[PDB]
Amino acid sequence: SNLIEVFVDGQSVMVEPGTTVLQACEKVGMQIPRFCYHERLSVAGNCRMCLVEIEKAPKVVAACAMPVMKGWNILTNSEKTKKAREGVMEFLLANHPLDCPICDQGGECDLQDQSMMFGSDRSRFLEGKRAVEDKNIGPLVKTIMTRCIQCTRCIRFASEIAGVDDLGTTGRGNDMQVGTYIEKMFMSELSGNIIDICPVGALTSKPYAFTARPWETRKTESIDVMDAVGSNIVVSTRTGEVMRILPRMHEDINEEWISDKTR
Amino acid sequence: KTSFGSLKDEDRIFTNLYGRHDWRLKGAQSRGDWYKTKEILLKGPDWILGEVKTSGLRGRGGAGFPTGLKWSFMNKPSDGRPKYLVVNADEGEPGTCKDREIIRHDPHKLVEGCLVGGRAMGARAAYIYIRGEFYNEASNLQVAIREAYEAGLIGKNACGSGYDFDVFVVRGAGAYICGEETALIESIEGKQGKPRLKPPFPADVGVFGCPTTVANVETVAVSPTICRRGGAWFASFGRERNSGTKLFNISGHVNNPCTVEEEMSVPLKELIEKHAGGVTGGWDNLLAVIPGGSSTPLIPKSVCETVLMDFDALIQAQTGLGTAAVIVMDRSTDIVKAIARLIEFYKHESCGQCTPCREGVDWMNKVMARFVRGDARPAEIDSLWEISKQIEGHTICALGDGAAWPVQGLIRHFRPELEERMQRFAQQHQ
Amino acid sequence: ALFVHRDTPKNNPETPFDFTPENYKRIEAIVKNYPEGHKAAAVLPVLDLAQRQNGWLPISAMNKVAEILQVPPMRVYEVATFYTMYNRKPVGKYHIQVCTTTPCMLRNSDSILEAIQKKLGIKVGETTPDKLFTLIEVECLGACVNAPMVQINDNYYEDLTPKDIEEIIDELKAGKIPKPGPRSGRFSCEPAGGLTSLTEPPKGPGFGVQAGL
Amino acid sequence: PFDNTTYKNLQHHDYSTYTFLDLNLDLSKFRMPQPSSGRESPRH
Ligand SMILES: NC(=O)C1=CN([C@@H]2O[C@H](COP(=O)(O)OP(=O)(O)OC[C@H]3O[C@@H](n4cnc5c(N)ncnc54)[C@H](O)[C@@H]3O)[C@@H](O)[C@H]2O)C=CC1
Ligand SMILES: Cc1cc2nc3c(=O)[nH]c(=O)nc-3n(C[C@H](O)[C@H](O)[C@H](O)COP(=O)(O)O)c2cc1C
Ligand code: SF4
Ligand code: SF4
Ligand code: SF4
Ligand code: FES
Ligand code: FES
Ligand SMILES: [K+]
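Protein chains in written order, with the authors' numbering: chain 3, 6 to 268; chain 1, 9 to 438; chain 2, 5 to 217; chain a, 32 to 75.
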């Protein structure tokens, strides 16, 4: 075979050429923190959360984008990997709004959870945060853009899976806004799935909005009947009442998406 | 040789730097350009690459990567994709105005450099990405390109050598980050000038996904002179691994701000006193010098006394050579206000792609805006240091490095002035 | 300073904009500079061409560039909002851009910014009421040894004093067009107390060309 | 007569707004035939 040997924390693993650092760490059972990487979207590399130390190399690499070279020792838990994660989590939480009680992502937030797991416990940002104009992209997806961390899973999903090309980033620098630039209504057949992949509560479900909260929901694994695809879903209920419908991953059917009628 | 400087006019590459001679083809051929270009193009890519490697030319953009080793990355058989030279003519660096003078006053030297470098790397064409604010310079370069096509020097059967080579000029639209090479490549492709993550380097996937070398105007324009005059000629200047001549842009608090060509390892004091008329108020009036444009850390007057203006000596002076743009700041300078205007520049010129620059350059600008007024406390200084260390090396391109480095230079050489600023704010506002 | 669009009666997708036929020939010349299959690479010049015909970019020039290049309109909106030259609002006929970065601030560009403000009766960002002058404040224009300098629509006006920029504004208000260069004694970028370099004549063809060539 | 005292770059005083683009239109005939990726766009 053409498998190259790399090392994750000293453990040998045989990987295909072209495999990234993140996938090599996944093959030894370690999940690198990420915000913009998504395994069904194109590699962006613009949140810098996956920065990891390769040893004998004085610069961290973006594990979601960097291919492994033969003989690398990926240090997923070293001192400068943790310092990189804390610095990037500090910059993500600098201008992020204190909305966790009134945000629907609370409890099932990637930003909350891997701030608890990989960032620090306190703030140094002594300034005033930014605030972003909200957008009206339709009756399904509520949009609160102050919570946006600009990971561009919006744009990659709408471009590559939904095939729409109507989301994007306007502006430049810290005023860079994810949006449509116009009053445009993002109504695709797969338009609600951006609620899934948005790691923050910038894009939430407008019908699910404010009604429940993820830890109190019971997760019943079930099947879509809205068409003959047979999409695997999670009906999340709460005290004998159906709260919402999430997808299940099935690699051969619905990869991890569902349609808007299903959702 | 131990002392460097005092460069002779016969050893200049950029004759007609000042517009006193004709910039067109009748003037450029009368100064040595487009002479024996066919005999250079017929000796093969390997000879031209060996002349550039032999000359010790390093990248005049400012990183100082070895230009022959860089251009040899393209010397490989094709796979169906075309290959491209792309000449980085953006020049957005505050302090730096040398490539404007190369494009505007020696344009045929740049076009001949495009032809020689594209033959060296097997490139199909040259895309000169000129800054859009350089409109008259771009029309100037297009007139020279039209004169080169009408003389058969480029295009179909370039210089009668059987090599086909176009030269295109693409204008920018007002982004300093479109001088970064991958963001420039994205800007040519009709996109936001957002830098790519490396690898792939542009020699693998560059403009339109082709093999591409992005190279500065100066490091392209000196290459026909390196091929004619020889590699040993250009390597006989400056220190070792510091070979050649260099354009310098001495601006700020000097008597005569100017662009001048000078030998590589010239002293900074000798350069400022000789070509720029010296610091205003005398050399005792000198407070700081930013050696190579805004991205390099400043060095104070104690360092500027004996420092040499090549790459390695300024690295030993814990700064960089950069674009060799000498920004001179005398004792009458609010230096915190100057570095904070510089951080304001770096947050207006930042494409917002990755998190540490998009958030931390704005956060550094807010901390520096409070440091100008002194509306802070000294524990925020080292804090700001750490913020810069969270941006340096954690970004996609080096604009995070170029925005973290002036903060680090200002803290490192002028922490007491920051502290007395803040304590006088404290004693007069409470 | 907004990076969203709202449909006003003077800026909407039914605002009249179309290229002149000579601008279509220029667009064809632009599009033939790029490879086949990469027509999107002509977004930046053509849109700027739409800024040269019109003076500013409504959202009918962006949609027209999106139509004639077969690119999605959001990908033109991104380029129009990313880059600082594209006027998404109607500026005056003379667009004054005063560089105030550190090498121009050291040579007192604030005096010229204040002089343009008190001469035109406006401040930074505003427009004179006769729609002739828009005064904004830009970053490094790459004329640092010719500091302090401004830019008027294509032209660099360099080595300026307040009297020099008042003279330039006066002969802009008189209908003439000034000379784009330094307003001090020197010509382009030389040391102002005479040439410290390139005083010899240039050597010409064949000088120093090595053997074997 | 070796002149070193006059600025020989007086042409850019006479440039208009379409100078660059008219020069591109003039240069459109001298240039080599463009390469093709084999498809009309990456969305084709
Ligand atoms: N000339 C100007 O107007 C400006 C210049 N700069 C300078 O630019 C520099 C940063 O620019 P970058 O190109 O991002 O940094 P630098 O680290 O990457 O690389 C310089 C060149 O070497 C090539 N290179 C480096 N390592 C390579 C490798 N292992 N394999 C293949 N190619 C390799 C890169 O592709 C690039 O073309 C700084 O030194 C800064 O001072 C910054 C702003 C303005
Ligand atoms: C933010 C940023 C801006 C840059 N701007 C320019 C520029 O305007 N002109 C330039 O020649 N190089 C610029 N560079 C350096 C380029 O990335 C690249 O190294 C150079 O253009 C060509 O490499 P060379 O110096 O080896 O020739 C910039 C780099 C960065 C990080
Ligand atoms: S997106 Fe996450 S971190 Fe931000 S307010 Fe909502 S729950 Fe909190
Ligand atoms: S709204 Fe969500 S998915 Fe979209 S770019 Fe922002 S954080 Fe990413
Ligand atoms: S560090 Fe700044 S300049 Fe570089 S890719 Fe990120 S936003 Fe862009
Ligand atoms: S996950 Fe690799 S940078 Fe966003
Ligand atoms: S600083 Fe004003 S032109 Fe460069
Ligand atoms: K979400």
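Worth double-checking, as some hints may not be accurate.
Keeping only pairs whose Cα atoms sit at most 27 Å apart, straight-line, the calculated BS3-like set for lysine-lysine is [unchecked claim]:
hint, chain 1, residue 1, chain 2, residue 2
1, 2, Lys207, 1, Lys44
2, 2, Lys127, 1, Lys374
3, 3, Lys61, 1, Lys206
4, 2, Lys135, 2, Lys183
5, 1, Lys199, 2, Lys127
6, 1, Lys44, a, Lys39
7, 1, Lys277, 1, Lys9
8, 2, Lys207, 1, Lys61
9, 2, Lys207, 1, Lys51
10, 2, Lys36, 1, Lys164
11, 1, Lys277, 1, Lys16
It should be emphasised that the hints constitute simulated quantities derived from the structure, not laboratory data.
Hint check:
1. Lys207 (chain 2) with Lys44 (chain 1): 15 Å, holds
2. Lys127 (chain 2) with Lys374 (chain 1): 24 Å, holds
3. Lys61 (chain 3) with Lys206 (chain 1): Since the Cα atoms of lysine 61 (chain 3) and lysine 206 (chain 1) sit roughly 18 Å apart, the hinted pair holds (cutoff 27 Å).
4. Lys135 (chain 2) with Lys183 (chain 2): 22 Å, holds
5. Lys199 (chain 1) with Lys127 (chain 2): 33 Å, violated
6. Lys44 (chain 1) with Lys39 (chain a): 26 Å, holds
7. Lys277 (chain 1) with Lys9 (chain 1): Answer holds: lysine 277 (chain 1) to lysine 9 (chain 1) is near 19 Å, not above 27 Å.
8. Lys207 (chain 2) with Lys61 (chain 1): The given pair, whose Cα atoms are some 26 Å apart, holds under the 27 Å limit.
9. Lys207 (chain 2) with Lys51 (chain 1): Holds: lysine 207 (chain 2) and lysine 51 (chain 1) sit about 25 Å apart, inside 27 Å.
10. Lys36 (chain 2) with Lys164 (chain 1): Holds - the C-alpha atoms of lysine 164 (chain 1) and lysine 36 (chain 2) are around 16 Å apart, at most 27 Å.
11. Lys277 (chain 1) with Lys16 (chain 1): OK: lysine 277 (chain 1) and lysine 16 (chain 1) at ~19 Å, within 27 Å.
Checked against the numbered hints given earlier, this structure breaks only hint 5.
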